[PDB]
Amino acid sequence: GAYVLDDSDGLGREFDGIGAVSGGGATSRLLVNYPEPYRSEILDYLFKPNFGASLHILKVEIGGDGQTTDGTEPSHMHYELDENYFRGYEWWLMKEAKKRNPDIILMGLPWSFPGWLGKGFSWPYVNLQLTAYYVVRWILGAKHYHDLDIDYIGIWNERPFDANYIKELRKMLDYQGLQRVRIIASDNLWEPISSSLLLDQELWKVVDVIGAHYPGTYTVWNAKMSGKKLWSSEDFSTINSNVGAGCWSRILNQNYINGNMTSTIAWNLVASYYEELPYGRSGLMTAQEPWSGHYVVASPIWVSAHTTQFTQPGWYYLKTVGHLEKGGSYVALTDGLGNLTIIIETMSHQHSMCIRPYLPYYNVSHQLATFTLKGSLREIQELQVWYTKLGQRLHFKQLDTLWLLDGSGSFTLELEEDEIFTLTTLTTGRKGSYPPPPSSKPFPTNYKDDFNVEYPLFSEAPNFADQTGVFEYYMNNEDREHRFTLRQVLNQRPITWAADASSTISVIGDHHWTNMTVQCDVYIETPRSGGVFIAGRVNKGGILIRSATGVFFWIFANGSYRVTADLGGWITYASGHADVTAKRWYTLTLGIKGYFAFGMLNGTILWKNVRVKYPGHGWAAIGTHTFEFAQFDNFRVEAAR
């Protein structure tokens, strides 16, 4: 009936911000080669204040060279003694975010780790000091090379924590003058971190924030008891259609109302990875075509705005927040300077389903809601109104100011289903706009890369999405014809998060491709035992990369070749002998059309008219038999979709 908003009785919890995750894994892969001005426009829609999603927080993966959901991300230490703070794109992304918003909050979290940290086991807790040293080097590098202050560091994404590790990490941060960096744990479930904090005073002293994943809007009694800030440190992960925006809208309010969570962070920031990879199109917006420049400013962007443009980290929730009588919810926040923001959501069940968890049905229906401002809020006489309707839709439209001149400090709204209203004293709101970008276009049906770039802007060639292993630009001064190549640089399996393949692989192109010719120069670095391949019709990647099928043309340094149906090499289409050895350059060609494939070695037919499964479709790919050095040059693909 009448909902009282008031601060006379005091405040609720401090609001810590809304944000998103870039990483876990390679979710921002295709954004780096967007041409201008589009790359810059996309970044403005995400980070520019008073414009688009206007995010308060950016969480990034600390790449560990393993597969982490939609690809691998490169580490700053591939090997013992190796340090390089210029790989991948997270450094770049953080800098672009800070340029737009100097106050944005930065977080880092490992999903996987380089294998050498395990000292012969696939476990990062064998040598606590060693793993801590690795993580802290990342934070130092961020500051020293990019002028980035990392605000929060996590433990091990969705994997067990070790209490002694957390203590050693704190001691190691302090020893290196990073007393200011805070620790969030354990990026998994509420337990066992929450009970652990209550039983161990020394642990409690070193953990600043309990971050839970996909909590379904709820927390647990032990977490409330700890008195720690509680964050949904990973949530969302739904296709960014109107339904995903509904999900986002609902949890943004209800994480606080139901779960005392004062921050929510969406996986992921922007869908810049091939859509046929796991959880495709699950970013706040979509930017998956750097070749065309086409991007889509999706609904979730504006749902974010309804909160982020009108609140900042450090505002407070009022004690008076709740559910509306006929379904939906409201929160309200102040900054202790006389501003007030109120956010109302009426998302219907059927249009707000998240993947984790699925909620039993609940009812929403038309209702009137009356709000009365008591206490220090009584003196407000004017509120700006912003409105979104989801599903033919209207996004972030500024309505007529509402006036509370009558002296009643009260007002009423007609609420229907699937709406959001933001009512705020702030006058800074803006529906940012750039002109439409170029239309959508398939990946180019003819495509070439000779990797001849002397000072590349990024450490890897555009469009190649590593799914196991790490491929990088490589300069070899001691050769002329292959001075500039692409090289696979892992020499041992990472401490994996996902089930990485046993073979390294990078995919590229159009998952729809069905008939195609792939050609590449290849170079095996390991005598006797080394091997490389080129492939087409590769149908799965990311978390599922082990499952990839397609047509794989392998050559080995012992003078053999195989053609397989799967990355695992369990199904043979053909095999035989070849004039192939280590440390020599060969040109491989692979032609697939309908039921039949053929392979060429240096332009000469090696096998032809081999029967392959059809129909079938997928990416082109290159890679290596195991985690071993190998080089690639002059890649070409001609394909029909």
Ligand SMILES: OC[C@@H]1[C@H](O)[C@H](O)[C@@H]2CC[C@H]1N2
The other form holds:
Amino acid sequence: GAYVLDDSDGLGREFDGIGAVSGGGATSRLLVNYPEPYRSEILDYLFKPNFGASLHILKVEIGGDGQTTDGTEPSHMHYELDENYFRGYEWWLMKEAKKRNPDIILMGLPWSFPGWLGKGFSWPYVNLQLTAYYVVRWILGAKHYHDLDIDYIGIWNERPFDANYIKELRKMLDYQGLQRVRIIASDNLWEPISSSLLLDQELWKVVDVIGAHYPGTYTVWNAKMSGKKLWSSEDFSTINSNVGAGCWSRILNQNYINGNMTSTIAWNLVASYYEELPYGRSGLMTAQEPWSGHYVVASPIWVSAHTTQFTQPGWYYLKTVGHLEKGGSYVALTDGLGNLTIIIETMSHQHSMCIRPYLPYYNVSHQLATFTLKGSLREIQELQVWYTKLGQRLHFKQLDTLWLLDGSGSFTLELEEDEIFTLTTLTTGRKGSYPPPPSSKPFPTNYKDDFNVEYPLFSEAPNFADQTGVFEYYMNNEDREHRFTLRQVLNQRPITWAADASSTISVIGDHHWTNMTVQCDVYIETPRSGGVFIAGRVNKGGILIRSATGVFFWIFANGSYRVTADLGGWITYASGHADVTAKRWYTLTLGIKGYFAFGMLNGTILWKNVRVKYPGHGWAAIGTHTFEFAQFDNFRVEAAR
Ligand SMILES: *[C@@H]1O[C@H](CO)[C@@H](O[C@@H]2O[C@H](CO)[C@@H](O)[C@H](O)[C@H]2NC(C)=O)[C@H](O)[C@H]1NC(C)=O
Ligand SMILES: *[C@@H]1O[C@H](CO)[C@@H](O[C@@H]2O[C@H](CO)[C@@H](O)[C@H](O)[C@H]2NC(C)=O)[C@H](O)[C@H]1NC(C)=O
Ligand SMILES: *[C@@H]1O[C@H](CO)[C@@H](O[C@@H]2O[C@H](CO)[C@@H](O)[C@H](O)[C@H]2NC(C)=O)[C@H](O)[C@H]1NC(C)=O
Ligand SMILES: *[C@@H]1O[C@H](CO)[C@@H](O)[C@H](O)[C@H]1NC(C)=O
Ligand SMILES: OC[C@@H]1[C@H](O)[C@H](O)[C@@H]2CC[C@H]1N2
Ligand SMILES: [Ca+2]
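Okay, that's the form deposited without the ligand, but what's the structure of the form deposited with the ligand bound?
Zooming out: every chain and molecule, the one shown earlier first.
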């Protein structure tokens, strides 16, 4: 009936911000080679204040060279003694975010680690000081090379924590003059971190924030008892259709209401990875065609705006928040300066299901809600109104101002289903707008890369999405014809997060492709035992990369070749001998059409009319038999969709 908003009895918890994750894994892969001005426009929709999603927080993966959901991300230390703070795209993204919003909150979290840190085991806790040292170098590098202050550091994404590690990480941060950096744990479930904090005072002293993943809007008693800030440090992960925006809208409010969580962070920031990769299109917006410049400002962007444009880290939640009689919820926040923001959501069950978890049915129906401002809020006489309707339009439309002149801190609204209203004293709200970007277009049916870039802006060539291993621009001054190549640089399996393949692989192109010819120059660096391949119709990647099928044309340094149906190499289409050795450049061609494939070695036919599964479709790919050095050059693909 009448919902009282008041601050006279005091305030609730401090609001810590809304944000999103770039990483886990390679989710921003295809954004770096967007042409201007579109790349810049995309970044504005995400980070420019009073414009789009206007994010308060940016969380990035600390790349460890392993596969972490939609690809691998490069580490700053591939090997022992190696340090490089210019690989990948997270440095860039953080800087671009920081340019638009100097106050954005930066977080880093490892998913995987380079293998050498395990010292012969696939475990990051073998040498506590070493792993901490590795992580802190990243934070230092961020500052020294990019002028970035990392605000929060996590432990190991959705993987066990070690209490002694967390303590050592804190000590190592302090030793390096990073007392200001805070620690969030354990980016998994509420337990065992929450009870551990209650039993171990020294642990309690070093953990600043408890971050839980996909909590279903609820926390647990031990976490509340701890007095720590509680965050949904990873949520959403739903297709950014209308249902995802609904999901997002609902949890943004109810994470605080039901669970005392004062921050929520969406996986992921922007869908800039092939859609046929795991969890495709589960970013706040979509930017998966750098070749065309086409992007989509999806519904979740505006749902975010309803909170982010009208709140900032350091505002406080009111004590008076809750559910509406006929379903839906409201929160309210102030900045202790006379501003008030109110965010109301009526997401229906049928249009707001998140993937994790799925909620039992609940009812929303037409209702009236009366709001009364008590205490220090009585003096508000005017509120701006922002409105969104999900289902088929209207997104973030500014409605007519409401007046509260009646002397009665009150007003009423007619609420229907699947709506959002924001009511705030702030006048800075804006539905940012750029002209529409180019229409959607398939990946180019003819495509070439000779990797001849002397000072590349990024460490890897556009569109190649590593799914196991790490491929990088490589300069070899001692060769002329192959001065500039692409190289696989991992020489041992990472401390994996996912089940990485046993073979390295990078995929590219149009998953819809069915008939195609792929050609590449290859160079095996490891004598006797080394091997490389080129492939087409590759149908799975990311977390599922081990499961990839397609047509794989392998050559080996022992003078042999194989054609397989799978990356694992368990199913043979053909095999034989070849004039092939290490440390020599060969041109490989693989032609797939209908039921049949053929392979060429240096323009000469090696095998032909070999029967392959059909129908089938997928990407082109390159890679190596194990985690081994190899080079690639003059890549070309002609394909039919
Ligand atoms: C956690 O949030 C809950 C709300 O979910 C807060 O508890 C409410 O407290 C009021 C009175 O203080 C009760 O009338 C409500 O019934 C409580 N809510 C529920 C759902 O039972 C609580 O203050 C928060 N815990 C903290 C801040 O430690
Ligand atoms: C609401 O918030 C705005 C923005 O923070 C406040 O306006 C600022 O007030 C400070 C001092 O209180 C000034 O130094 C800034 O220049 C102001 N900025 C802007 C953009 O106006 C405002 O005081 C708050 N209260 C109300 C009633 O608007
Ligand atoms: C890929 O190649 C196959 C094999 O040639 C094509 O299938 C043929 O298509 C023609 C006309 O479209 C038919 O007359 C043949 O009977 C088909 N043969 C088989 C075995 O299916 C297929 O159309 C090609 N697809 C693309 C997208 O180019
Ligand atoms: C939802 O509530 C309305 C009124 O309370 C009722 O008429 C309707 O049948 C309910 N829907 C379900 C599925 O229970
Ligand atoms: O919903 C899938 C999410 C992403 O894949 C992130 O990488 C982590 C791992 C699972 C979940 N959080
Ligand atoms: Ca070259």
